[PDB]
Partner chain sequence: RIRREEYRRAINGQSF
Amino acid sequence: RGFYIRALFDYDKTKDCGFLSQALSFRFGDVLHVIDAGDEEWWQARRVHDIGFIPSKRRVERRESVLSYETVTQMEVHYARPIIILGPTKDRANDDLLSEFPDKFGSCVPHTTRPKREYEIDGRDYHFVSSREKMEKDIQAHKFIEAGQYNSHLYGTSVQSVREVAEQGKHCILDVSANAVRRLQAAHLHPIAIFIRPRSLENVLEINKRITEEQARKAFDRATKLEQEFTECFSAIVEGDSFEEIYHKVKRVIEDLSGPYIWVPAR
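For the form deposited with its partner chain bound, pop in the coordinates of just this one chain.
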């Protein structure tokens, strides 16, 4: 006694040992405080949001490199947590959050070493960097949470760009990959990473009634592959039979995890 834990999977009472136990059901992202982990096979804990008992880490590894739990610690933040929405209809959710709540959501501009085209303007389209070599060194100095190459030019989203929005009290809506989650954590700027999970190929067409089936299958395959690799990085997983419900859940998740005190992974 005793540490704090975070569920990386959905667990139901009845599927394991019926409701006829003192067991505790929990969903992905639930933070549990363990009281007794002495039992080799099963663990005593309580929900931090409601007192009972939860299965162990080595135990669930036996049933199904499997994902069980991650140890977490409470931390106080003084900035607004950045946002990383992933999965189907993420672009619509990103654009909708910014238009609907302009006082609490903002966006940042990526850097590039590509010569600024005449119609483009610096600071809005891109932060245009005249010296390529300078950006490559900033990349090596861990100044970028994401960086790539296109037509022999560097593109990237800097940690400073994100932090500037965050320190003005606004959630930075980020168009980045899941790999940016770890780098933001390492920069002590922990994002709310939300994964929109399609229940099936048919569900994709339900939450996105615009795209074709051919596009839906590709989006579904990308979503399944995304969940395979970055599930640990997800702050939450949301589902729905419509985009409006998904959007509804995204708003709730953001509100719940935007508190002064948050839970972050431990050693």
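Numbering follows the first chain given and starts at 1. Rigid core (definition): largest C-alpha set, two forms, superposition within 1.5 Å. Compared with the form solved without its partner chain:
When the two forms are overlaid on the rigid core, CA displacement between the two forms of 2 Å or more is confined, within 120, 164, 96, 175, to 120. Once both forms are overlaid on the rigid core, the distance between the two CA positions of residue 15 between the two forms is 2 angstroms or more. After superposing the rigid core, the C-alpha of residue 130 moves by less than 2 Å between the two forms.
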Contents of the next structure:
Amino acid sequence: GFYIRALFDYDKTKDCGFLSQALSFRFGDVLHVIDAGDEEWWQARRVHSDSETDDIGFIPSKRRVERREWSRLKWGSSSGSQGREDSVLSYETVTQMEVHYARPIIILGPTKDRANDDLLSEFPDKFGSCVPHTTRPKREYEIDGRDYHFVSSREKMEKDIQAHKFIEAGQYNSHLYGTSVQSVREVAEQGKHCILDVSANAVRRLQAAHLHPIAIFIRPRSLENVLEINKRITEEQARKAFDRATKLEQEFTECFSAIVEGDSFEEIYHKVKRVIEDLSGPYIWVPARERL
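Would you mind generating the form solved without its partner chain now that we have the form deposited with its partner chain bound?
We keep it simple here and write out only the one chain, dropping partners and molecules.
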């Protein structure tokens, strides 16, 4: 057969009370498909972190998932311009491969900064940050190659950016800053997980660089849940956080390695550590070339 990764949560029994041989699964689960000859239902079994064998069941095909989703909502204030392109996430084919580097880490969503700081502080021999580049002139107290890799020519960095040498870059106070593929690779090859403070946009570039990251989205269940996990912010900025999170999930779900939820930061932190443990390797699942 072959392997696919679920990009949505599925549980028919919980949803409508219908009992059947349909398998239930959650976002991120790797599924071993044994027979996908039928266009509507495929035979499969969930791949555990130990025992792949457990219960052969059936999962809805990509076709079936798409048909169901399109069947939902949609003149409603039509300006006459095209709307956002219809995109239905179902599954992604994947394959197992062995890696000899520590996977970089990208935590996203509310409290990601605290999670980053705590991992860096709690496990200094396992996690570290990479050295960023900047065109800003080096200050008296700064050290080239430690605080930043100071680039004398802004022209060169702009060229390097266009050449996609940075997984992420930007401008601040009229100067350029960026996290280079090479800086991340240096940390990764030394066997340390590189804690990255970048957007989900960086996942594709890291994948292209053969530095598959563990991208973890901390998903708030509601506005109130945000206040439960981050009780150091005003309810006003909590609204923003929740909306920013909703928009992040809408646009980058396919890039996430996992999604974690909790009633407290302590629960989230615990789950983050477990996800990293589960996906660190040596054997990991990456996108395959097979197409459904």
